[PDB]
Amino acid sequence: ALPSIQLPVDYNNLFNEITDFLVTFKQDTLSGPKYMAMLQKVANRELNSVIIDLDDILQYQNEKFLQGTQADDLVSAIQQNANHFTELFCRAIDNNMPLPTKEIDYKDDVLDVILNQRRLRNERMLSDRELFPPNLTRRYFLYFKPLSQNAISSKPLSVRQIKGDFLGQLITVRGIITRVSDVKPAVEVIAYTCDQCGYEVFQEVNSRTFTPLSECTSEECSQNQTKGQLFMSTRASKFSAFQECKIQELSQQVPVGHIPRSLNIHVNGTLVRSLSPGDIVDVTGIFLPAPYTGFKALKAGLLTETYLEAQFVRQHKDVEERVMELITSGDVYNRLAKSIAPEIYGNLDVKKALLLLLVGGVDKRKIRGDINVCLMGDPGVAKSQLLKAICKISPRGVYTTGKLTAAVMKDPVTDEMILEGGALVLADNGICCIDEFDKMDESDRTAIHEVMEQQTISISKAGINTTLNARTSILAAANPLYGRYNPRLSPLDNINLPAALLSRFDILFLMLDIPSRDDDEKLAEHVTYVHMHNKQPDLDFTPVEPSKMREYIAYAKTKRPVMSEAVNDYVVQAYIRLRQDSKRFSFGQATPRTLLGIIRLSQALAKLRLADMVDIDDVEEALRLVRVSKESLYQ
Amino acid sequence: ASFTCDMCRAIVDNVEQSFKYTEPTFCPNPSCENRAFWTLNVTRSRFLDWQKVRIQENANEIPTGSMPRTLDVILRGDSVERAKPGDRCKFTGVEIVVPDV
Amino acid sequence: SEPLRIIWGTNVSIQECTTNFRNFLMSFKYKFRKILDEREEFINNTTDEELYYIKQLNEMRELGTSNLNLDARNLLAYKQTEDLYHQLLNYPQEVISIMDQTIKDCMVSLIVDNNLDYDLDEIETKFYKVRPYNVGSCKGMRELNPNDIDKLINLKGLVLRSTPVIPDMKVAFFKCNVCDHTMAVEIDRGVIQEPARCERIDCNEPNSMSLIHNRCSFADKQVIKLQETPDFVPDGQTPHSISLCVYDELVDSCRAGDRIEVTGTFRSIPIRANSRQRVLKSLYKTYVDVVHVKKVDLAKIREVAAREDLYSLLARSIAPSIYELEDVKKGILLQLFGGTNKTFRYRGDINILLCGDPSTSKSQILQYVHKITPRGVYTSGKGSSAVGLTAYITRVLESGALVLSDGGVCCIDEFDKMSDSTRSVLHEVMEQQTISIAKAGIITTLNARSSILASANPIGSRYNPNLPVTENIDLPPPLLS
DNA sequence: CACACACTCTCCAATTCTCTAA
DNA sequence: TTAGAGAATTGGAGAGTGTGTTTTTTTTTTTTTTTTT
Ligand SMILES: [Zn+2]
Ligand SMILES: [Zn+2]
Ligand SMILES: [Zn+2]
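Chains as they are written, first to last, in the UniProt record's numbering: chain W, 4 to 34, 60 to 157, 190 to 210, 219 to 385, 396 to 443, 449 to 486, 493 to 673, 679 to 729; chain P, 307 to 407; chain A, 174 to 469, 505 to 552, 557 to 607, 615 to 700.
Be aware that one or more of the hints could be misleading.
Said to hold, decoys possible - If you want the footprint, here are the derived chain A segments under chain W, 3+ residues with CB under 8 Å:
1. 179-185
2. 189-199
3. 312-319
4. 325-336
5. 400-414
6. 630-638
Unchecked claim - Below, in silico cross-link-like pairs of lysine-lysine (DSSO-like), each with a Cα-Cα straight-line distance of 30 Å or less:
7. A:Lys658 with W:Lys499
8. W:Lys130 with A:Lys312
9. W:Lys672 with A:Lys574
10. A:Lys454 with P:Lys390
For the record, the hints were derived by calculation from the structure and aren't laboratory data. Just so it is clear, CB atoms sit at the ideal spot from N, CA and C, and this is done for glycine as well.
Given only the sequences and the hints, what does the whole structure look like? Please build it.
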């Protein structure tokens, strides 16, 4: 029924060690007491959570052992049963917290009034010719931060390594955050007002559910045998921010033939919204059973479900000068292009085109400034790795296979609807990298058109009559039917994209896996090195770092260059000849889309050289990307 | 409704029915302590005819082509089957609140 | 001496709150707002000297309308009332209830003290309301947290949907089973304060008093589900959404898919673990209780209608970027106005097809027409199934691009590559302005009534001029005709 | 199982009824 | 006639008994019909 046992712990000792630690401890070895100074920030309301570094308590115990006084192994208590010590540290803090030194503007808070009226009522009663639960007045959240390696809270666990033997302990868990709740208020202390006796009473909640009070029990209500009625008041309740998250083990950790298991993480208080889905993270936390309550507790039996209370969070992963440190090296255009995907060797004009997606043309009023590029031709050319490199390099980039539109989605996961924003809405004011572009449904394919023509997508279901703004540059790639491209034939013959779509790109670029003894040796020597030496081979130039490349581009974009008179004079002198030669064999004719294209391309080159406007030494290169693309369609 | 008391075999009659089914709270015989255990007399009790018809806002009236809003209409007596699905009708009567019984 | 009235938990006096707000609700010249923000060069005698809320209230009385909008910044503009703005943000439910009644007191004072000749009961019977707005900085729905419970907040979002209207009881109505006596019983925090006994002392029977649902009195509640606006989202994940309860006169303010700005008190409520017990879940359902919602001459005709150049002017100004194509502009213009209609056949709808190489601005014309036209829709030939362009029946009308645009231009592109099952939708629409369906007990006809603007490419390569238009689109003559 | 709600049973004392003397 | 002591009936405390509660519901395969393939 209820026997009792001699455990080698005494919480009266350890409460004395904890209060003795808090008042005494200073990290003066960094050359007043650390936690006293911290508590002053709490008392002045400049701070809302107290982080206790377990690595400090070692230095406390080390100093006390060096003084020859045997501190009572406190870290080995609070790793081994962390939950109870959240109560002891809050008691030790409250007993020691200093009076405020800055003005609070006290009477803006409700509890300062309620508890004062409760104080005065007790004096005016008790003249006669705890006071309330302390959790109600704790304006701060306590968290432990675990040991760094210098011990079980140090070693990060995969989710399957967390056996039932770990329950109650402080642990560290490694994984991806797979999903996250919206933040909701949990109650901690519920305040009620009695209608008749005019007296406040508090219920404290420590479970997934609770039962409300309804009938008054204040001294002056029960003494007057008045059946007072209690009503809940949210204004005087204490809530905490609660957010539930799910963590999954990493693909490296799963043993051969198993499935990636998961834990529920509960994050409470100031630590909330520190987790985002797809983070790889180490969460340290207190591992616990969530006990079923009410009828389910009987039938569920001894089989407790479980969760982790978050305590601290470790993510796994000068600007204004660094752009000059690029510029003052010179030849920025060719070096930035050669620095797109440096692992792919050759194909320079493609890299020199793709760079102009990142930078883009200019919008006007509306008229599109965004640039559309379609890569084309043989498989094994690594177009997917190049699209992937642009997805990592580009600001606001999104990779998405055909293997896409926004739509109403009814009961995803929780039993509620959402208007889901497709990849073309994820790519707002950025690059949409659509790989396997021809493996697409007509309902998505014809929704590419409205992103071109209207800079938007439209919805027409469940009464949702909405348009979503969706300005984005499209990078596309496609692969040929019959396994290899036929040089006897057009792109229109090898690929199912119609000219009414295919001719909407500012650049279409045919790139091919052409066999040739030297070119095949140059490729095969690179591949056979990467099987001997696990890092990339010697580039024989130094590339721009992607972070410094992004930092350049964000600054280069906003300069929005304007026309100079010789540009508009010159561009017609090319365009007319391009029309005249298109008069004279596929579909590659000089549409006005190609005039607009040369404009947007020349704008993207003008941005890269950082000026208010630029001379036609620029424009002549934009014409070369187009001219080389057409010669690449023929060969 | 009309009921007979199983405890004393008395009869209660003209028992008006709200949205819920409703037996008498007290036996009419002053010898009887009963407040429950009633049986319906199906000969003496009287039944209306009734029909629910579900109607919606007209497909030409919906102001922007949004979702059609619906209403549950109750028909009684002679008014039952006087309409058919896909038809357009004008009904007149009271708006009512129906409890979740 | 006086038993002071205090907002619970606050040390705020309701008399001082009232007697300040009255002396703002008159004597506030709009001048003071143009001192608050400055722009003080701009001050104009006619608006700015007028007593702004006096003019607002005299309008309310004469229109017979019960709701006063209030830009909360006015409370900061007026010296006496700066602390009331802070009370309105911090204690909304009480401060709004003081403002609601002060309006009603003012409406009466404005006729009885002013001794003006008007109907008093016409004002005494009204439930007046303030609707405060412009309350503070807007915030992200994702940035809400329990510090904000029972405060005014300002949100922007997209309406996903509305429930049909919900009756919320405001007065219960009770009848004595023994004696036929009856009572109006006040609802309080959602609990019916039921009587123990008949109120007639000549009856006084316990438990015999009973509720009559259709003699109770009700308010209108509606739930709107509101999604987070895409500008605010962190780009790593989906938008959030929040339910909001809209009440009384604000019910059906919004259509589905409206962008709106709302001012409301942020609320939390416990919810039952099981519907037969009072056991409650330890984390509360949250919503906003809204108090305001905001969305997102003939002589000028004569300037145009007298003109010599008129037909060419209108043609050169419906689509001013588009180079030449003058006869295309000239005909599309006639499609915007349309012909004439009659009832007792033919109708004033007009239908236009564009045909030619994909390499030209004709699709941009189809865009300008969608920009200019009243009503109307833009789509394309491959762009949906047939029933997605016409109509369908579901778990109830599905409606497509060929419907809900009476007299409005139905723009369609890619019309040559529309599937033939989907081409075969149009004959009943284009020849009889109408659609017929029968399924699942529904027998029905729908009026389609759209002027179609179609656009088409040549199949494959450049349109050859020798060969005929019927061939070169690959499209059936009885639909082309 | 066990813990709240629904509902009946029983006892006890609190109030009002009725009679008597101050 | 007031007022105070003794007798009867009603209210409700509270003890006792009895009942219901977890809860889900897409997913994945197999089939048979329309039509759009
Ligand atoms: Zn009380
Ligand atoms: Zn009976
Ligand atoms: Zn009565």
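Checked hints:
1. 179-185: holds (count 4)
2. 189-199: Answer violated; 0 residues pass the 8 Å Cβ test.
3. 312-319: holds (count 4)
4. 325-336: holds (count 3)
5. 400-414: holds (count 10)
6. 630-638: Coverage by chain W holds for the segment 630-638 of chain A (3 residues, Cβ < 8 Å).
7. A:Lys658 with W:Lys499: Roughly 25 Å between the alpha carbons, so the hint for A:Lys658 and W:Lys499 holds.
8. W:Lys130 with A:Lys312: holds (29 Å)
9. W:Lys672 with A:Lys574: Distance of about 21 Å is within 30 Å: holds.
10. A:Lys454 with P:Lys390: violated (46 Å)
Hints 2 and 10 from the list above are not met by this structure, while the remaining hints are.
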